[PDB]
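**Student:** For reference, the chains in residue letters:
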Amino acid sequence: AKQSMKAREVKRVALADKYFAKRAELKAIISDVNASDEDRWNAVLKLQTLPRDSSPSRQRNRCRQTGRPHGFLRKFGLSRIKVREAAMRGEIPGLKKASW
Amino acid sequence: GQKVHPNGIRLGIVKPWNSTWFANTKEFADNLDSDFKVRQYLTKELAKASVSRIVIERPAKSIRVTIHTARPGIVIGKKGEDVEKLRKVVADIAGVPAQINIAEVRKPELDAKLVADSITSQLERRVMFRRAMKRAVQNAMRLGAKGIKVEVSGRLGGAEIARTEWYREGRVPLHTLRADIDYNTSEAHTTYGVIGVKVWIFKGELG
Amino acid sequence: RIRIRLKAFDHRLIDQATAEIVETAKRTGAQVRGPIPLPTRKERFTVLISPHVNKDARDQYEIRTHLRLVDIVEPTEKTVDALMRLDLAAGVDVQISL
Amino acid sequence: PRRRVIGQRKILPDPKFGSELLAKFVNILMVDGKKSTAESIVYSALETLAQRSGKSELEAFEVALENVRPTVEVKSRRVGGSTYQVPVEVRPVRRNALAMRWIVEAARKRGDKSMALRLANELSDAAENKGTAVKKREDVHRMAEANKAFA
Amino acid sequence: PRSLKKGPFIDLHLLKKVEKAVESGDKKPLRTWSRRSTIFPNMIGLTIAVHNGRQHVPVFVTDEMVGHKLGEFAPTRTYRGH
Amino acid sequence: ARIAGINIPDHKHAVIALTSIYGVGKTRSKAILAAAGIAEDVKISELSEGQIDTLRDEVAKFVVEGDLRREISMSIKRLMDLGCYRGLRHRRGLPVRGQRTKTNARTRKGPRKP
Amino acid sequence: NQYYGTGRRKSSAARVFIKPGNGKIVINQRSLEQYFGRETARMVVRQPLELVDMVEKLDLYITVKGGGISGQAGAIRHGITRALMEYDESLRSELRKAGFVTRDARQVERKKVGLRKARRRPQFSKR
RNA sequence: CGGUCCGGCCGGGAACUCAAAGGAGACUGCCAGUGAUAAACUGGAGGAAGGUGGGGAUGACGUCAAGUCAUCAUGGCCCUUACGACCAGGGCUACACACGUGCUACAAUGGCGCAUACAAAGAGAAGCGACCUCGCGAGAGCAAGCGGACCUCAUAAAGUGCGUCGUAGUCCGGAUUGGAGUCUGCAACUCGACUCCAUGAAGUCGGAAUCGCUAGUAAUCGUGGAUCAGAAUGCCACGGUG
Ligand SMILES: [Mg+2]
Ligand SMILES: [Mg+2]
Ligand SMILES: [Mg+2]
Ligand SMILES: [Mg+2]
Ligand SMILES: [Mg+2]
Ligand SMILES: [Mg+2]
Ligand SMILES: [Mg+2]
Ligand SMILES: [Mg+2]
Ligand SMILES: [Mg+2]
Ligand SMILES: [Mg+2]
Ligand SMILES: [Mg+2]
Ligand SMILES: [Mg+2]
Ligand SMILES: [Mg+2]
Numbered sequence: 002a003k004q005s006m007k008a009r010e011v012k013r014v015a016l017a018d019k020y021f022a023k024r025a026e027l028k029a030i031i032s033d034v035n036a037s038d039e040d041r042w043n044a045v046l047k048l049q050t051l052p053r054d055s056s057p058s059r060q061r062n063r064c065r066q067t068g069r070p071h072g073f074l075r076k077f078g079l080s081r082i083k084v085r086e087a088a089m090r091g092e093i094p095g096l097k098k099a100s101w
Numbered sequence: 002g003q004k005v006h007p008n009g010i011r012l013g014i015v016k017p018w019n020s021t022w023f024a025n026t027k028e029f030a031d032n033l034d035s036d037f038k039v040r041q042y043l044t045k046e047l048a049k050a051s052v053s054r055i056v057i058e059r060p061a062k063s064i065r066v067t068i069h070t071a072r073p074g075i076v077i078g079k080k081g082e083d084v085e086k087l088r089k090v091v092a093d094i095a096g097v098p099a100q101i102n103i104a105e106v107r108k109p110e111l112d113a114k115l116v117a118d119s120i121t122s123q124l125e126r127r128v129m130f131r132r133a134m135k136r137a138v139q140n141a142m143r144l145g146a147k148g149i150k151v152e153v154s155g156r157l158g159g160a161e162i163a164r165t166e167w168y169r170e171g172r173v174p175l176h177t178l179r180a181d182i183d184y185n186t187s188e189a190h191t192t193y194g195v196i197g198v199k200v201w202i203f204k205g206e207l208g
Numbered sequence: 005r006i007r008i009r010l011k012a013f014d015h016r017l018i019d020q021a022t023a024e025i026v027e028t029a030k031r032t033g034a035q036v037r038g039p040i041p042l043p044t045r046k047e048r049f050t051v052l053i054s055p056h057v058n059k060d061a062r063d064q065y066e067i068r069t070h071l072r073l074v075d076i077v078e079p080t081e082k083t084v085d086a087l088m089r090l091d092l093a094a095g096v097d098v099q100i101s102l
Numbered sequence: 002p003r004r005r006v007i008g009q010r011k012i013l014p015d016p017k018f019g020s021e022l023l024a025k026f027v028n029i030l031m032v033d034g035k036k037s038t039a040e041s042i043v044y045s046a047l048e049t050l051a052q053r054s055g056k057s058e059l060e061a062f063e064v065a066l067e068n069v070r071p072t073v074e075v076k077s078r079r080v081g082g083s084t085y086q087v088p089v090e091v092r093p094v095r096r097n098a099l100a101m102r103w104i105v106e107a108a109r110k111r112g113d114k115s116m117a118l119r120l121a122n123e124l125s126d127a128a129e130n131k132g133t134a135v136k137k138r139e140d141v142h143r144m145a146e147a148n149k150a151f152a
Numbered sequence: 002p003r004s005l006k007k008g009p010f011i012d013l014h015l016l017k018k019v020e021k022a023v024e025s026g027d028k029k030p031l032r033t034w035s036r037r038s039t040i041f042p043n044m045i046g047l048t049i050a051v052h053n054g055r056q057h058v059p060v061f062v063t064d065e066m067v068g069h070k071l072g073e074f075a076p077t078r079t080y081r082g083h
Numbered sequence: 002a003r004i005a006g007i008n009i010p011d012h013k014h015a016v017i018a019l020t021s022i023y024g025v026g027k028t029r030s031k032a033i034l035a036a037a038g039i040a041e042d043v044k045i046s047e048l049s050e051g052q053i054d055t056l057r058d059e060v061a062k063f064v065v066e067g068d069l070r071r072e073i074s075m076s077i078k079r080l081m082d083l084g085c086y087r088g089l090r091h092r093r094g095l096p097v098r099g100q101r102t103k104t105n106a107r108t109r110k111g112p113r114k115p
Numbered sequence: 004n005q006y007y008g009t010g011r012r013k014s015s016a017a018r019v020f021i022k023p024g025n026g027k028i029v030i031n032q033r034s035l036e037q038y039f040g041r042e043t044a045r046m047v048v049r050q051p052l053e054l055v056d057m058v059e060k061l062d063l064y065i066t067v068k069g070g071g072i073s074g075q076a077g078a079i080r081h082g083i084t085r086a087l088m089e090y091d092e093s094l095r096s097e098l099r100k101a102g103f104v105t106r107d108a109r110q111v112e113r114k115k116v117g118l119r120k121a122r123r124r125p126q127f128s129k130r
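For the protein sequence lines, the chains are B, S, E, X, P, Z and L, in the order given. For the record, in the first sequence the residue sitting at position 30 is 31 according to UniProt numbering, with numbers rising by one throughout. For the record, in the second sequence the residue sitting at position 132 is 133 according to UniProt numbering, with numbers rising by one throughout. For the record, in the third sequence the residue sitting at position 40 is 44 according to UniProt numbering, with numbers rising by one throughout. For the record, in the fourth sequence the residue sitting at position 120 is 121 according to UniProt numbering, with numbers rising by one throughout. For the record, in the fifth sequence the residue sitting at position 50 is 51 according to UniProt numbering, with numbers rising by one throughout. For the record, in the sixth sequence the residue sitting at position 111 is 112 according to UniProt numbering, with numbers rising by one throughout. For the record, in the seventh sequence the residue sitting at position 18 is 21 according to UniProt numbering, with numbers rising by one throughout.
No lab work stands behind these hints: they were computed from the structure. The C-beta atom is built at its ideal place from N, Cα and C for all residues, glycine as well. Possibly wrong hints are sitting among the right ones.
[Claimed, not checked] Computed, partial: chain B to chain E, Cβ under 10 Å:
no., residue
1, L51
2, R53
3, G72
4, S100
5, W101
Based on the provided sequences and hints, a complete structural model is requested.
**Tutor:** Take a look at the structure:
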């Protein structure tokens with residue numbers, strides 16, 4: 002990916018970290034069946050207002066070396082290619098060419 | 002392109018892992034990242050110091066970085082000021098309190114990575130690539146390799162078309178899993194772009 | 005009573021470590037119900053070997069997470085203490101649980 | 002099999018009658034690896050035949066097979082350039098199998114309701130030579146006969 | 002579509018703008034980008050210029066357009082024929 | 002054997018027979034049967050007049066046959082009038098529900114001409 | 004004394020406990036007729052016994068985990084054979100002839116990258 | 001083996017399954033024939049496995065200046081108040097059309113309905129989410145348990161046993177579209193999935209042509225995973241039947 006893309010991702014991550022609780026509460030309120038309608042509406046409005054980059058579903062899991070927006074693996078936090086590179090070198094622990 | 006990485010195919014067989022630690026699915030990625038960063042730092046810093054294999058072992062929230070280098074004295078410095086700076090920076094990178102060991106690479110001409118680095122250096126400072134390769138081959142033979150291959154590729158001597166040249170003196174059995182095929186790569190960023198140097202040093206058969 | 009779970013990736017290493025732990029246990033106190041083998045969590049990751057296209061080409065890696073249950077059922081004062089500080093650790097995750 | 006002249010696989014004999022041939026037939030019939038259904042169907046067919054014929058369960062089947070069992074069939078050559086449909090005296094292991102296949106095909110083709118019923122009908126026809134399998138066999142024979150010129 | 006418990010969505014800015022417009026009763030088509038917004042009963046009578054990527058297509062809001070989203074009446078692709 | 006306008010198959014089982022009525026499928030038919038007090042297995046042959054009447058009444062309780070058609074059609078018309086994306090799709094004879102049209106729209110597109 | 008045999012076939016792992024006298028087949032605390040509804044499986048289970056002398060000569064309490072039906076049956080058969088061998092040892096001659104001592108090594112072939120199944124390749128459009 | 005909540009659940013037991021760790025075992029080693037007395041081949045015994053046992057990983061020198069400067073690196077050139085950067089909306093989902101690869105079908109070896117048996121492999125803490133309640137259902141509410149051979153995903157489905165439909169464009173087929181919804185997520189209009197009710201296209205085995213597969217293979221049946229908030233008929237795995 003571009004440096005710019007990476008930066009954006011970082012920013013998004015930061016925002017999520019910041020607003021997690023603030024937005025989480027709102028979400029909870031919205032969910033609440035035994036709660037006021039107006040209150041719920043207000044909560045929703047607040048959520049809408051909040052910066053979108055603070056939403057965790059607006060984060061694309063990039064490779065932590067390259068920034069690749071695809072071929073991702075959460076075990077490693079890397080692009081497939083990068084994992085392969087690491088794997089060959091011995092830099093991922095326990096990982097080895099599997100056969101069965 | 003279809004040669005499985007000699008290190009990687011033998012990783013449970015006759016090769017040790019560089020990263021030797023355990024982690025659960027949450028932190029594993031983070032750990033890996035940390036390792037990468039520290040490797041990068043060491044690479045940048047210990048460029049003149051002929052470093053080969055930097056091993057990362059992290060028990061009890063504390064890293065142990067066993068660096069394998071041909072020049073310990075330059076990496077150690079006087080007493081341990083050089084080491085101290087490195088260690089501190091590693092710690093900073095990681096988060097945990099760090100250690101940093103410095104293993105001597107006796108016979109550095111038999112360490113593949115080192116050889117590759119040397120070749121790359123030669124390429125950079127504008128010598129005949131082929132000659133350099135030959136020299137490397139000779140050195141390995143002298144030092145006692147059961148066999149060595151080295152392989153340079155792309156933009157050799159400023160040639161427009163990209164040639165890939167390689168000398169393989171001795172026995173270098175890549176298919177044999179029990180073979181200690183110590184392999185590594187290094188990229189020479191010459192005036193005509195990249196010359197990519199691979200090297201395989203069959204140090205011996207194991208059992 | 006004492007439930008010691010060893011998790012690691014290399015099997016030889018875990019066996020050695022496990023053995024060491026058992027030895028530590030036995031000498032300093034009593035009981036110890038042996039190195040129990042638990043099922044190896046095999047983590048198959050299939051990745052596209054290529055940087056671009058060539059999907060049928062692939063590398064299928066795995067992370068064999070080996071588990072070893074020690075299980076000690078007689079906590080002497082000397083012995084209970086010993087497993088925390090004395091044991092040391094290589095590339096192993098040791099989870100003791102009382 | 003360019004190099005590997007090999008021994009064929011030893012099937013389990015049919016559970017009800019202990020007949021290898023019957024088992025083979027069932028297998029042939031079967032689709033989607035549903036031996037269970039297929040075998041049941043076969044059994045039903047056999048029963049039906051027995052009810053109709055009155056001879057036996059397996060004997061009748063054998064008889065039916067016999068009347069769709071091709072003595073000679075055709076095979077290609079191309080020696081010089083054009084076609085030569087040389088007849089060949091088919092092997093007795095294969096012969097039964099071929100017949101069975103034909104029968105199955107006939108059953109598949111047929112307009113009756115249940116598969117088993119259709120199969121039974123086909124068998125009956127074979128026994129009295131006037132169904133589809135029998136016709137096929139006849140055709141094959143004719144083909145062979147015409148090309149008996151080549152031998 | 003959107004859950005009945007969660008309440009029908011409207012873009013906050015558009016809601017405010019619409020309210021203002023209703024309050025004044027001044028007409029004059031509202032420039033809108035948020036196409037993802039359920040039309041309200043209060044929005045009936047107004048003209049809202051819903052974005053279509055390129056331009057703001059002006060939709061006169063009818064009584065029949067309520068439970069619909071704004072972008073429904075604002076076709077983004079301009080296809081005629083091959 | 003008339004119910005809610007159209008005729009119903011005399012041989013077929015009630016659950017299935019009912020399904021013939023526009024606006025009842027399987028589940029609704031079943032429901033109707035339940036309401037009546039009839040089993041699913043019985044046919045319209047061997048089904049009494051009184052029995053039938055109840056069923057008919059039950060069916061009437063749902064918006065069925067011509068009424069349903071009128072309703073659905075009306076909805077479509079409304080959509081068209083709106084000129085909402087959906088309406089546009091309807092008018093064009095292209096997939097409303099968000100399918101690919103590049104390929105495989107043949108139901109709504111119709112059988113291809115060139 | 005319990006003459007016994009471990010039986011495995013496909014993913015099933017039967018374990019057969021033979022005891023002399025009579026002949027009742029208990030499969031997972033259920034009858035042979037209950038457990039295996041299909042006849043073929045039953046036949047397979049009984050096959051070795053049939054081959055050897057048995058009418059009311061030995062009971063067999065068995066339990067089988069794993070696999071499906073046919074595989075399970077096979078496993079059971081294998082176990083039975085093993086048990087017989089343990090009991091007598093001279094029965095091997097017959098068993099061998101039958102092809103029954105043979106643990107059927109056929110496991111399902113792993114799915115292989117590129118191929119849709121073990122061997123089925125995807126459809127090949129040449130141009 | 002004793003006790004009974006007839007549940008391995010509980011004393012217990014280390015047998016068996018099972019779980020991994022270390023071994024033994026397969027090498028034409030042995031017998032017979034053929035073969036130059038050689039290699040070896042054919043057959044035979046033993047053996048779980050037989051002649052590379054099965055499956056995988058393993059891809060020589062090179063080829064196609066094959067693919068990738070959009071993983072990443074990188075020579076060169078070019079842009080540098082724009083070919084850089086931030087945002088909102090739209091598009092990548094367009095649709096006379098043509099091709100590829102799939103799934104679902106066309107049905108009775110089937111569907112539908114009720115009862116009932118048998119898997120393997122996995123995944124899971126911003127997670128998996130029993131039980132109980134509400135909800136026809138997708139799901140909702142409360143909420144243990146479990147970084148997991150424990151708890152959960154999670155009742156395998158084909159199958160089997162009864163019943164029904166009786167060859168129909170049908171109780172096949174499910175497209176399509178109307179209505180009502182559920183969940184995710186600031187947000188489901190463009191443009192998600194799944195649900196319910198309704199709707200019920202084409203399609204009755206496919207022209208020329210053409211692909212896959214030699215065994216636990218094909219065929220068929222399901223199940224899991226990865227990425228992923230959500231969203232697979234794709235991919236990667238797993239077993240069943242065969
Ligand atoms: Mg960059
Ligand atoms: Mg996302
Ligand atoms: Mg390869
Ligand atoms: Mg209807
Ligand atoms: Mg399969
Ligand atoms: Mg090899
Ligand atoms: Mg945007
Ligand atoms: Mg696209
Ligand atoms: Mg998942
Ligand atoms: Mg149907
Ligand atoms: Mg038609
Ligand atoms: Mg083959
Ligand atoms: Mg998902």
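**Student:** Are any of the numbered hints broken by this structure? If so, which, sorted upward?
**Tutor:** Hints 1 and 2 not satisfied by this model.
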